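Asker: This is what each chain is made of:
Number of protein chains: 2
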Amino acid sequence: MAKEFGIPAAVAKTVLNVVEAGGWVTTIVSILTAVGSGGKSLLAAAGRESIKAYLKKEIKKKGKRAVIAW
Amino acid sequence: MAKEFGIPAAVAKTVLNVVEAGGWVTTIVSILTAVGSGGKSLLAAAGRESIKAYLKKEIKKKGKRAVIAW
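Just so you know, the sequences run in chain order B and A.
The numbers in the entry's author numbering rise by one with no breaks, and the one at position 12 of the first sequence is 12.
The numbers in the entry's author numbering rise by one with no breaks, and the one at position 48 of the second sequence is 48.
Same shape as in the complex, but just chain B:
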């Protein structure tokens, strides 16, 4: 998330914790909106998929630490 979108690690970590806790897609959207254009770019990258489902797949594949870094 940092490398590809410029998202601060602490923001990215919060987002992924929300995902893992079964938190709301709406919350995730709000936090990525608030981080600015890089967050909006990630939201757009999910495309037709929910951002939550998109990020859950990435976490399952690569682990949280790597998704944060990405």
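Calculated directly from the structure, the hints in this document are not laboratory data.
Warning: the hint list may mix true and false statements.
What the hints assert, rightly or not - Straight-line Cα separation of at most 27 Å, DSS-like style, residue types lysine-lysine; simulated pairs:
| no. | chain 1 | residue 1 | chain 2 | residue 2 |
| --- | --- | --- | --- | --- |
| 1 | B | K52 | A | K52 |
| 2 | B | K52 | A | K40 |
| 3 | B | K3 | B | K60 |
| 4 | B | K3 | B | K52 |
| 5 | A | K64 | B | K40 |
| 6 | A | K56 | A | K3 |
| 7 | B | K52 | B | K40 |
| 8 | B | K56 | B | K40 |
| 9 | B | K56 | A | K40 |
| 10 | B | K64 | A | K3 |
| 11 | A | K3 | B | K3 |
| 12 | A | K62 | A | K40 |
| 13 | A | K40 | A | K61 |
| 14 | B | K3 | B | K57 |
| 15 | A | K60 | A | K40 |
| 16 | A | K3 | A | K40 |
| 17 | A | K40 | B | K64 |
| 18 | A | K52 | A | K62 |
| 19 | B | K61 | B | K40 |
| 20 | A | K40 | A | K56 |
| 21 | B | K3 | B | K61 |
| 22 | B | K60 | A | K40 |
| 23 | A | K3 | B | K40 |
As the list claims (entries may be wrong) - Here are the in silico distance ranges between beta carbons for each label pair:
| no. | chain 1 | residue 1 | chain 2 | residue 2 | range |
| --- | --- | --- | --- | --- | --- |
| 24 | A | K57 | B | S50 | 33 to 41 Å |
| 25 | A | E4 | B | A45 | 27 to 35 Å |
| 26 | A | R48 | B | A44 | 40 to 48 Å |
| 27 | B | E20 | A | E49 | 23 to 31 Å |
| 28 | B | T33 | A | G36 | 19 to 27 Å |
| 29 | B | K64 | A | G6 | 16 to 24 Å |
| 30 | A | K61 | B | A53 | 36 to 44 Å |
| 31 | B | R65 | A | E4 | 25 to 33 Å |
As the list claims (entries may be wrong) - A few chain A residues facing chain B, derived, Cβ under 10 Å:
| no. | residue |
| --- | --- |
| 32 | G6 |
| 33 | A9 |
| 34 | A10 |
| 35 | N17 |
| 36 | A34 |
For each residue, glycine too, the CB sits at the ideal point set by N, CA and C.
Given the coordinates of chain B, work out where chain A should sit on it, guided by the hints.
Answerer: Quick look at chain A alone, frame taken from chain B:
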């Protein structure tokens, strides 16, 4: 929130928007908990006072920008 509790600004903004919208204490709790230790510490700083009421009072005292900053 950012300087005293390490709540990233994007997350802090999201939290204050929930507060302003009159959203749920449980949602404020889960977002702050997702931040990690600094979020948990902000929750502890509120004591027995509703986190929502607590942050509303902080906004009344300092304004939204300064609450985010803190």
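Asker: Give a verdict on every hint.
Answerer: Do the hints match the structure? See the list:
1. Using a Cα cut-off of 27 Å, the hinted pair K52(B) and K52(A) holds, with the two alpha carbons roughly 26 Å apart.
2. In summary, the hint linking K52(B) to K40(A) is supported, as the alpha carbons are separated by about 23 Å, within the 27 Å threshold.
3. Annotation: proposed proximity of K3(B) to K60(B) holds, straight-line Cα distance about 19 Å (limit 27 Å).
4. Distance hint between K3(B) and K52(B) is fulfilled; the C-alpha atoms sit about 19 Å from each other, no more than 27 Å.
5. Pair hint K64(A) plus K40(B) holds up; C-alpha atoms about 23 Å apart against a cutoff of 27 Å.
6. In summary, the hint linking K56(A) to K3(A) is supported, as the alpha carbons are separated by about 18 Å, within the 27 Å threshold.
7. With a C-alpha separation of about 14 Å, the suggested pairing of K52(B) with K40(B) holds against the 27 Å cut-off.
8. Restraint check for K56(B) and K40(B): the C-alpha separation of about 18 Å stays at or below 27 Å, so the hint holds.
9. A C-alpha spacing of about 24 Å is found between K56(B) and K40(A), which places the hinted pair at or below 27 Å, so the restraint holds.
10. A distance of roughly 25 Å separates the Cα atoms of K64(B) and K3(A); the hinted pair therefore holds under the 27 Å criterion.
11. With a C-alpha separation of about 24 Å, the suggested pair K3(A) and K3(B) falls inside the 27 Å cut-off, and the hint holds.
12. Using a Cα cut-off of 27 Å, the hinted pair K62(A) and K40(A) holds, with the two alpha carbons roughly 22 Å apart.
13. Of the pairs offered as hints, the one joining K40(A) and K61(A) holds, with about 22 Å between alpha carbons and a cut-off of 27 Å not exceeded.
14. Under the criterion of a C-alpha separation no larger than 27 Å, the hint pairing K3(B) with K57(B) is consistent with the structure, at around 18 Å.
15. Our distance criterion of 27 Å between C-alpha atoms is met by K60(A) and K40(A), whose separation comes to about 23 Å.
16. Pair hint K3(A) plus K40(A) holds up; C-alpha atoms about 15 Å apart against a cutoff of 27 Å.
17. The straight-line distance between the Cα atoms of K40(A) and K64(B) is roughly 20 Å, inside the 27 Å bound, and the hint therefore holds.
18. Distance hint between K52(A) and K62(A) is fulfilled; the C-alpha atoms sit about 15 Å from each other, no more than 27 Å.
19. The suggested pairing of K61(B) with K40(B) holds, with an alpha-carbon distance near 23 Å, which does not exceed 27 Å.
20. A C-alpha spacing of about 18 Å is found between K40(A) and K56(A), which places the hinted pair at or below 27 Å, so the restraint holds.
21. Our distance criterion of 27 Å between C-alpha atoms is met by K3(B) and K61(B), whose separation comes to about 17 Å.
22. Between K60(B) and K40(A), the direct Cα distance comes to roughly 26 Å. Compliance with the 27 Å bound is thereby established for this hinted pair.
23. For the suggested pair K3(A) and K40(B), the alpha carbons sit about 25 Å apart, so the restraint of at most 27 Å is met.
24. Between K57(A) and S50(B) the beta carbons are some 36 Å apart, a value that agrees with the proposed interval 33 to 41 Å.
25. Between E4(A) and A45(B) the C-beta distance comes to about 33 Å, which sits within the given range of 27 to 35 Å.
26. As the Cβ distance of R48(A) to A44(B) is approximately 42 Å, the hint placing it in 40 to 48 Å holds.
27. Between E20(B) and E49(A) the Cβ separation comes to about 28 Å, which falls inside the hinted range of 23 to 31 Å.
28. Checked against the given bound of 19 to 27 Å, the beta carbons of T33(B) and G36(A), roughly 21 Å apart, stay inside it.
29. For the pair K64(B) and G6(A), the beta carbons lie near 18 Å from each other, so the given range of 16 to 24 Å is met.
30. Between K61(A) and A53(B) the Cβ separation comes to about 40 Å, which falls inside the hinted range of 36 to 44 Å.
31. Separated by about 26 Å at the C-beta atoms, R65(B) and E4(A) satisfy the suggested range of 25 to 33 Å.
32. Hint on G6(A) holds. Least Cβ distance to chain B is approximately 7 Å, under the 10 Å limit.
33. Of the supplied interface hints, the one on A9(A) holds, with its beta-carbon coming within about 8 Å of a beta-carbon of chain B, less than 10 Å.
34. Of the supplied interface hints, the one on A10(A) holds, with its beta-carbon coming within about 4 Å of a beta-carbon of chain B, less than 10 Å.
35. Taken as an interface hint, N17(A) checks out: its beta carbon lies about 7 Å from the nearest beta carbon of chain B, inside 10 Å.
36. Among the interface hints, the one on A34(A) holds; its C-beta lies about 4 Å from the nearest C-beta in chain B, closer than the 10 Å criterion.
In this structure, none of the earlier numbered hints is contradicted; all agree with it.
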